[PDB]
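Each remark here refers to the structure printed beneath this line.
Of the protein chains in this complex, one is absent; all others appear in place.
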């Protein structure tokens, strides 16, 4: 019946684990990008009617309420439905999608989809604090590792990486160089000034006056090959390929898009940056969750009626080169049209924001090269994949 | 947007905080109701297209992959995408709703919407633990009260309930009476054997004897207005009518419905219990979050073009006597048709589960009375309500 | 040059782990027995000039200051020196001794020696809270077990028990019956009303009005042999002899003695209950700390000029029957003159108070039987022993 477009799209820069976003809570990162994406959209908060955020790890009680706090804190009416959502790595896109969905079904004609994730502030739980340990030592569980660990086989996503690396024969040397690359593309992209407009800086009050964060700090410009073959496989003793060097970072960030029913954009006469074409999810094997994008991507393409190499730009996420290389191959993607600015290996992987962050990236590149069609996807821990495609205006 | 129906809906009995379900995790709760819900629709693990599941507090790492784990452990196919949602109190319908939405948009025909919450096992968090609290006392955060506090004013929901009690003019006695009513209703409803149908029993085999749980132990059989009359109003210092007596409980439960497309359902030789007619969302003032159902509800009829008089059976969650009556006050509603069997005061309120939980109470009951139009709604923390209406077969 | 006597001697009754003393902090148990022992001594706090308490496990910051708080809280002048002291199991006597010592050397003529220990309130430390765990799960250390574990060989005192049980060939059956005995002697002693005057009750404000604790609750009057041979050795897999049944309890308590320079008692004309004869310490093997009493006892006897079987009454502590039996033997003590009311197995082992508690016991028995000479000793974890002897008036 109906149609949805993206008026604005914006993000914080990405922090390193316990770096420059350390002291900034997901509620705050999120409120900001909400407020900023309105400004660009030239849109009042009064006239928004749904918000969805993706987040995984609760830093604090607000995060239970996170999507209402990001929305309300960033100017949106208290009269607006807001929902936080979790699909692990895919949460940010998924928030985009569930935002999309309500408009599609006429729940409203203005929706915001975003995400926020502050791994530096992930907590430790004390599972025995409520009802006590009578006796014997006890635990303080790292929730962040919690999040990075398959909930059936109690293993790290990096372990699942080895699996897909072996299943598709992606050698260490694919991964190390895919990584060295991601850095190149990012550092270049950064120097090239490519992200300036999509990034919203975070004014942080600090001693000696304020301090402001605008530049994705995970990326490395001295990017050497022998830098990053010096690493040893971190997730397995014998037969290792996956390293710190070739794996996703742990990172802090937010991201939002303002969306609209096409008509309402015309009635506003705002120039969107794209329409939603289609989207498709999937559950792949948990022990190889890293390829979920491939099935999801195949599905999404169908319902668009479009095919591979209709694809001007792809942002599909580098959880690990081991899986990113795999996902490129099985789909026969063209390396330099997939993550041309770099990805989770280079800028970082703020898990629950990532899906929404790269969206803002991808849309913003589309405007640089003025291609028409666009693909974002990522693998989701626990054996899932997500994907959407958009179409330049 | 071609029609969707529930083919089965099944749930646990409701634990009291630290009661029958103390030692039972959400993962295991969710997995049970899935497997059992799926049996009741005669549906295989491998036919299920999608899973959404409403939870709020994370109890352990696995809770982050909550819906996905409910699924697989419950015999569901790997292939299916799974999702966790948070909308606090409303989280449990949204699961039903968001999932509905996947059929409507023909992402699939076979999908499931559940909820799961174990307040028993709510953790405490150590926010200083990662980076350390260098000096000075630190905290351990009751995450379960965290869920139960409004994130803007940092005041308990019960406090908001006082505010609703004032505006809408409810008094200690109307709520106290209502509370008794819910309990009478509940104690009877079980005695009626009304709930045997829906409740999956929960086997947890103790050494030196093994036990089951299949009746909603929060219910105060053998109770009176005097018990209500007796309590001191807890949530505020001055002029307080709200007490633990008339308030919602703290509890543990899960619940799931299988849903289908008018076609796949008819084309499976499957009597449905009902069909999804519409749904309604609403953003309201955090301070009076208790009325969200009324706005969301007015919406809900309108979309379906129906009226208050029209509906046969009604499950609008009672978080509190004050709001729950104030909901009905402002919808003139038929009080004997309202929580025919009682609610969170009586059975209890394990919030992530509840939206899913009332729905089951509703659908099943619709059969008992053989009505046509049926309401499910509930208020939410932070300023929201949610509604959904369905009709028989 | 000088001489020291004991005017009064008093104690709380002993609580079980997490029993009736659960909510009572060592500062409070201690303040009480200080105040009470003055009353019996018919002595002002103004006229005390030194306090020493024995304690091991810090429940809270006060316990760093414990001896000043017990003293000051129980009426003693702020003008009085107060010191907390730790010699593990032997701390309570040791406090007696260090109290003694100052008077002997003319630091003052009125001194109090006591102890307090609340194992129910022992804490957990979070060793990584100050400077953080960057990453990975972490610990909450049980401090009570801390205290029960050799600090070289990181093994439980019960493990050291097996050692002494084997070194001296004390068979399980010695230990089980020594235990069944201790219970008899205690239950009998209790019914016999033997402790009434030495015990100070703890008025505890509670719902339904106050609740008061006066009766040592660890003791068991249904004392059966086959009750307590049903136990399995708790501290070792193969070759076990030591059990829960035949080992010391974990317990809560306090105890104080008022002491005096003889003269000052005469000048007061107070009737002491004994003079200090002599005292002797020792370091024995850590892996068999359980026999420290034997060497210490040998030493103490010398400096008195007295010999074994000058000994009307001995209280020498049952950390474990395995060690108590051993210590009886090597010294050829007469079973029924050693711990005639029972001991740590029966009433409990509030480690840091124990030394001072049994003192109050022993002195009080001396008055029952009117013997003249008296021996208290105990083994100290980590390879130590302590002992003193006193002389009826």
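Chains: A, B and C, in written order; residue numbering restarts at 1 for each.
FYI, contacts are C-beta pairs under 8 Å (C-beta built on N, C-alpha and C of every residue); 3 or more make two chains touch, one makes a residue touch a chain.
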Absent-chain contact - pick from A:130, A:149, A:172 or A:361: A:130
Sole residue of C:22, C:184, C:262 or C:268 that reaches the chain not shown, by the stated touch rule: C:22
Residue in contact with the excluded chain [from C:11, C:121, C:185 or C:361]: C:121
Selected from C:15, C:355 or C:383 as touching the chain missing from the view: C:383
Contacting the left-out chain in the complete assembly, out of C:116, C:129, C:255 or C:273: C:129
Missing-chain contacts mapped onto chain A: 126, 128-135, 138
Residues of chain C in contact with the chain not shown: 1, 18, 22, 27, 50, 56-62, 64-69, 72, 77-88, 94, 98, 101, 104-105, 107, 120-127, 129-131, 140-143, 145-147, 149, 151-152, 280-286, 381-384, 386
Residues in chain B touching the chain absent from view: 18, 124, 126, 128, 133-142, 144-145
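One rule holds for everything that comes next: only the chains that are shown with their structure count from here on.
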Inter-chain centre distance, chain B versus chain C - centres from mean C-alpha coordinates, in Å: 55
Between chain C and chain A, distance of the C-alpha-averaged centres to the nearest whole Å: 62
Where chain A and chain B are represented by their mean Cα positions, the distance between them in whole Å: 31
Multi-partner residues of chain B (at least 2 other chains): 126, 129-131
